[PDB]
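This document starts with one chain, in the form deposited in one PDB entry, laid out as structure tokens.
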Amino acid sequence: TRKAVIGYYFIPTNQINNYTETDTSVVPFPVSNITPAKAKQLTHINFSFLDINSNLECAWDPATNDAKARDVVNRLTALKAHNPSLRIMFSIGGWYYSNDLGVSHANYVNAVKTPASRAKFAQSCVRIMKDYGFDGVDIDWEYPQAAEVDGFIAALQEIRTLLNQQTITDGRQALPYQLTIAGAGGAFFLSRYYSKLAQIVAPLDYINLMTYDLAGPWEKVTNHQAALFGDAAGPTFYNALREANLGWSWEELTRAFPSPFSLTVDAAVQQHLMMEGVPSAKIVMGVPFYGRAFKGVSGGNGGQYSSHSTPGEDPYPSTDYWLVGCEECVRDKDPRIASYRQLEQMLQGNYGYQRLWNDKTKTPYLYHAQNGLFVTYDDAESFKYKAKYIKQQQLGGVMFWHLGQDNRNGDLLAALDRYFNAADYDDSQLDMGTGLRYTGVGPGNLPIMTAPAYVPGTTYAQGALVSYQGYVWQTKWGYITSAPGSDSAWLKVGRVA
């Protein structure tokens, strides 16, 4: 089956209001950049972002000029003409609107509270979808927590049943309306709703993992923001998943979530597959079309894993724009982040950056020896290893943030589409490296094991293995005369074939 290539397209309210396709200083990446050929390279385009208002309904930023809004959305849906399988989704949320301290957080929390609120909210979603010509709904709430999860789940199920009904009504069987969500790509944020992944992913066509921003100025050590696999030399973190209300024993939590561990894309992907009820075909690996910059980095190792003098606040607190050659940073007032387009132009501008590569993480990075600068980003090369990882692990596909950050030619998007569909591209021999793989094993992804059936009245020595009621259990100590199961003496280690 074809792999999904979901490209979020972010366009600020301000830009929508002053929309033009002839003034790169106003709209840096207009829709006019996506040609029929480029449209053919995508399966989904996720317009970002819509939000939830105080009325507990899906809506545009009130400051948005509606007519200009519909116009931007029209240029996008027009692309469907050049791709019968292309879907134009709209995403609700985004870090700014939905984070705990986001301006609209209460709206997300409140909308999902009751059957009534969920019905009204879900209905507003379908209205908006049909009103502007979208093909599905994507929720990017970062992120539901504690008591919020069940509501969130009920909301997703509700939206689902409505979409499915709309599909029938609109006779859209050939291109069903879809529901997706952008999920956390790191254990910390993932720990919030992890225990209920299955229920959450159940009504979805895809869960888009935000496997990036796994490094940044808000961390004390420089590192790759999207390492595919781990580098022992890089930092590690406490595995927040073992703080999730799972009901697993100490042993289970320990074997499921090793810690410390390398925060990588592989880890996020594996942590999702660990859970029972989470199909890999629904998992979509996210990749960044932007890089994150650090300053005050010590030399000796390309700027990797170094202490740094980079502010972690938001917004950027100074007026000092130290990312050499990043004019985009000056315009946007943040030297800590830059689009691939800008980064590429920087490597083009002979500014002193060296383009380095980590063979463990399988990602590139820039080192400015002179100014002590470090940039972590992804490119067509790192995407090769990730595209193959997607095939190998049989994931639903690839997602990226975001379309407007690709170079004018759209090399990043073309690469992705190429690695999955091009007849003349061949990665059968691409070596995935020796980077550290996430090997947590939880009661959900238990391996098939073989052991004599348990025998009542028998006393077992420590480390003894037996099969009982569909599983292979092992004793954590000796003289155990209890049966495998509820009692704490036995550890479920495998599944009975």
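Residue numbers count along the first chain shown, from 1. Just so we're on the same page, rigid core means the largest C-alpha set that superposes within 1.5 Å between forms. Shifts are known only where both forms have a C-alpha. What changes on going to the form deposited in another entry:
Two rigid parts rotate against each other between the two forms, and the hinge linking them lies at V441 among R336, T43, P30, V441.
Rigid-body analysis of C-alpha superpositions between the two forms gives a rotation of the smaller part of 7 degrees. Listed alone, the shifted run between the two forms is 443-496, counting only residues present in both forms whose C-alphas move 2 Å or more over at least three consecutive positions once the core is aligned.
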Given for the second form:
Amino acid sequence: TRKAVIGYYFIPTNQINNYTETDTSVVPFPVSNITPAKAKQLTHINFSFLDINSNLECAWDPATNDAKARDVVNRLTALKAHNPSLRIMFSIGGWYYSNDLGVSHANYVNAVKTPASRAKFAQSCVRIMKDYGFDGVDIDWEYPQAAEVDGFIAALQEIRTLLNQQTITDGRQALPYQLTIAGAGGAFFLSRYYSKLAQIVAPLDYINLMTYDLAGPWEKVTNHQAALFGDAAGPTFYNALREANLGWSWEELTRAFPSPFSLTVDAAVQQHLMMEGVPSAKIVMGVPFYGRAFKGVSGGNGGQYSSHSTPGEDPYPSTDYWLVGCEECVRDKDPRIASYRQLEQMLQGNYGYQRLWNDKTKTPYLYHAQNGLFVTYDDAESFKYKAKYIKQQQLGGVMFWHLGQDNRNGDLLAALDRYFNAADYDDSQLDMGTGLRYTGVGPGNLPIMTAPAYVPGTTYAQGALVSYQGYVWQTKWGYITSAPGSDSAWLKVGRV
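Let me have the form deposited in another entry next, following on from the form deposited in one PDB entry.
Excluded here are partners and other molecules; the one chain stands alone.
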């Protein structure tokens, strides 16, 4: 099965309202930049972002010029002429609109509240999809909280019901309408809805993990924002999942959620695979087409794992654009984020940056020894290991933010496509390294094991293993006189 390659196309309301493909000063990345070749390397483009309004319906920014919006969307759907598998999805939400303190947060909470609010909301998503010509719905609420999760799940189920009906009504069996969400790629936010992951993923074609922004100026020490595996020399974090609303025992929580742990892409993927009912084929690994920069770092590990003096607030609370050579940072008034396109230009500009590589995390980073700057980012090299992991772990594919950040030749996208699809690319010998793997074990990823059938009437010693009801169990202490599932002394440790 072809791996999904999902790229976000984000365009601010002012750029839509002033849309032009001939003046990068107004619209830095117009649709025309997505050439036929690039359209063929994508399976999905997530047009972003739409929102949920006070009327609790899916809707465009109230300030959007609808006729201009329709034309931009039509340009995107026109790309399907070059790739019959291409889908132009539209994304609802994003951090700005939906975070707990975001401008539209209450609308998300209220829209999933009742059977009626959900029906109205689901209907609006499908109506918007059909009216503008989109191929599916992607919801990026960052993020529903424990008490809102059942409502969220029910809303997704409703949209799924309506989309499947629309697929048949439109004769779209060959390319069914889809439903996806952008899911948390870090344990802290993930813990909000983790316990009900299976129910959340059931109505989805994919859950696209935001497995990046795992480091930022909001953290005390610099770190890689999307390390594939862990580096023992780097910072470790509290494993929030042990506090998720699971109802599991201490042994179960402990074995599934070691703490502290390394916040990496592998951790997030493995945490999802640990839940039963969450299929690897629906998990999509997100990757960033941008880097995060920090100032005020010290030497010793090339800028890595160092204290820093970078403001963590949004918007950037200063006028000091200190990321040397980053012209896009001046345009966007924030030196803490730089597109791969800009970083590549900074590297060939002799600005004082050294490109270094961490072979544990399998990610590159820049160090500016003169100015004390550190940049964590991803590139065509880190993408080889992530692509191999996606294939080995049988994931659904890759997602990335965002298309306008790739370089002019579309090298990052081309690399992802190459790694999955090129007949002459062979990563059989690619060394995945010795970085730390997440070793938690849960209901969903128990190892295959064998053990004698449990025998009623037998008394078991501590550490004994038996098979019962299709799983292998081990005793937590001795003199066990009742059965697995009915005596708490038994721990499920394997399957089959």
